[PDB]
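Undergrad: Assemble the complex: chain B is given as a structure, and chain A must be docked to it using the hints.
There are 2 protein chains.
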Amino acid sequence: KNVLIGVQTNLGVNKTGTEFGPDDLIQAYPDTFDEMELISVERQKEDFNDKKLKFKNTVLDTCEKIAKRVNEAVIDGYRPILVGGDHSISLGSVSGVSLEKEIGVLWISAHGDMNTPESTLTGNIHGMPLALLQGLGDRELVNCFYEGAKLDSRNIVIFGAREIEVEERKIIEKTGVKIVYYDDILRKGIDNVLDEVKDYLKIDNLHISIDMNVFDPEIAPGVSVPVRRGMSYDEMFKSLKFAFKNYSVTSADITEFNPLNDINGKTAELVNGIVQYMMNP
Amino acid sequence: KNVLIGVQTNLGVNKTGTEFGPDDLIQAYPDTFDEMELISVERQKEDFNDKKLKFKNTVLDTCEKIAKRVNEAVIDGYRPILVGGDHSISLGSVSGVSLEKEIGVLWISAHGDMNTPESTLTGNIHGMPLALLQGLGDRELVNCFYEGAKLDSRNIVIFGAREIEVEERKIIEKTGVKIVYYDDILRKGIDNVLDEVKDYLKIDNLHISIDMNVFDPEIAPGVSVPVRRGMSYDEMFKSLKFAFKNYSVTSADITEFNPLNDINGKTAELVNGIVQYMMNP
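From first to last, the protein sequence lines are chains B and A. Under the authors' numbering, think of the first position of the first sequence as 501, with each following residue one higher. Under the authors' numbering, think of the first position of the second sequence as 501, with each following residue one higher.
It is possible that some hints are incorrect.
Heads up, the list lumps identical chains together, so a pair's fine if it works in one copy or across two of them.
What the hints assert, rightly or not - When the alpha-carbon atoms are kept at most 20 Å apart in a straight line, the in silico PhoX-like pairs for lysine-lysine are as follows:
id: 1; residue 1: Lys670; residue 2: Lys702
id: 2; residue 1: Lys766; residue 2: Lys501
id: 3; residue 1: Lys766; residue 2: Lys545
id: 4; residue 1: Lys766; residue 2: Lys688
id: 5; residue 1: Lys702; residue 2: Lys738
id: 6; residue 1: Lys551; residue 2: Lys766
id: 7; residue 1: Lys678; residue 2: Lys565
Just so you know, these hints were derived from the structure itself, not from any lab.
This is chain B alone, in the form it adopts within the complex:
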């Protein structure tokens, strides 16, 4: 039993469009998204001198609302499926679930999203969530919902990375996290690499955090930040099938759907199909 929860924010990516993702879908595919529960962003007082931690307090308050409702959904025995909204929302969701169940995570994205104020070149919190869930970054953000890291570095697999800066690379090496590059899917194949996932990540309870930027921008144009050379539809849905079969999927996130840059709902249809397979795997 799944519950759909839309988050209408873009204060992580700080680029116009992805905050319209949830409302856009309610109208594009009502039969799928019509009853989704929408979370109300409450703007919080900020310090705009801080350009390496933009909208810290608001992103944090929103992730707290996310975590609380997601935790209530897990306690009721439902699978929360979060429709964003930029990737920062994951900070909330992963925090609301980890309280009730220690989880692994398949982080499907073109970026590691493991930046810190010291490594970020943008100050965007859409590219810091994983690091913060591993106890790296701002302490108030790390302490969302409950104090302390929310994931074990060993229970994380970053799937489909294509771009990684040196300063973020140093945060990555310090955690020993496993990163499947998209060049791995290109050279070895999606099935061999999915087998590698079965080999490495072994906890049964699994969270799936999807960044729409993992796709090839020709298939998923509607993302505030496109990274060229990404996954196809087939590879993505093979990954989803493998995940739902070889694990117990606790929750999921589909993030960074920017309807403004989309071309005829192609990306919106990608998200529709992802949610529809999640609803009846």
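TA: Relative to the frame of chain B, chain A by itself:
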């Protein structure tokens, strides 16, 4: 008599920052802005395939709310000072005053903001408000609040412009609107160009509308679309006092302040001084 109304939107400029303009002013200058009335964005179904008129219905509903409030304000005898927020809010403000009084517009800006869906190179409705106020562009946006154009092209003066794409310049030329370019203020002098304005505009009802990008970026970095080589502080304030002395100011707009691009709160201090003068001119 005054009423300060902030509009937390950026769906005209489609760049993140100006929607938090009013916010950053309630925080940074509370004794000036903390009792400001606010207008939020009620998101609306869009045609994200129409990329020359981005967020049409949302920006239109925002401006309709602005229009009702501004009309009620002028009706009550208040001079609405509308803080923002990108420039599209002007569309809703002017209309509100135009239902009661035939008024002129002192359009202080670095751009003419007279674009139309066929001339725009961005689809950003913040560069189309003046045109639509004279009846140019999308019909539904022209018909905001009440049907038909809201301004007589003869009763308008663009002031301080320096960047006009050719296809916007064509619209401007066919309308015959008077354009005081910044270099005009320089060659003749602020006093002389202001005397020219006195001579040209004779309507006894003026609405000022400021785009913070009219200022020089080195004086006001806090803007979404910076335009280089702009106005001074005393130049703008000379113009302000001229306007309040020689006409009856019916309403005013200060738009496109971006707290994310600002540096050490300079631009917010500029907005503070401008608003404080407009409250006791």
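Undergrad: I want to check one pair: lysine 551 and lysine 766. Are their C-alpha atoms no more than 20 Å apart within a copy, between two copies, both, or neither?
TA: Intra 34 Å, inter 15 Å, cutoff 20 Å: inter-copy only.
Undergrad: With identical chains treated as interchangeable, where does the CA-CA distance between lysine 702 and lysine 738 reach 20 Å or less: within a copy, between copies, both, or neither?
TA: Within one copy, since 19 Å is at most 20 Å while 71 Å is not.
Undergrad: Are the CA atoms of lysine 766 and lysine 688 at most 20 Å apart within a copy, between copies, both, or neither?
TA: Neither: 28 Å inside a chain and 55 Å across chains, both beyond 20 Å.
Undergrad: When no copy is specified for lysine 766 and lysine 501, does a C-alpha distance of 20 Å or less occur within a copy, between copies, both, or neither?
TA: Intra 27 Å, inter 52 Å, cutoff 20 Å: neither.
Undergrad: Within, between, both or neither: how does the pair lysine 670, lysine 702 come out at a Cα-Cα threshold of 20 Å?
TA: Classified as neither; 25 Å inside a copy, 65 Å across copies.
Undergrad: How would you classify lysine 678 and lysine 565 at a CA-CA limit of 20 Å: within, between, both, or neither?
TA: Neither, since 30 Å and 51 Å both go past 20 Å.
Undergrad: Is it within, between, both or neither when you check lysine 766 against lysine 545 at 20 Å Cα-Cα?
TA: between (37 Å within a copy, 17 Å between copies)
Checked against the numbered hints above, the structure breaks hints 1, 2, 4 and 7 and satisfies the rest.
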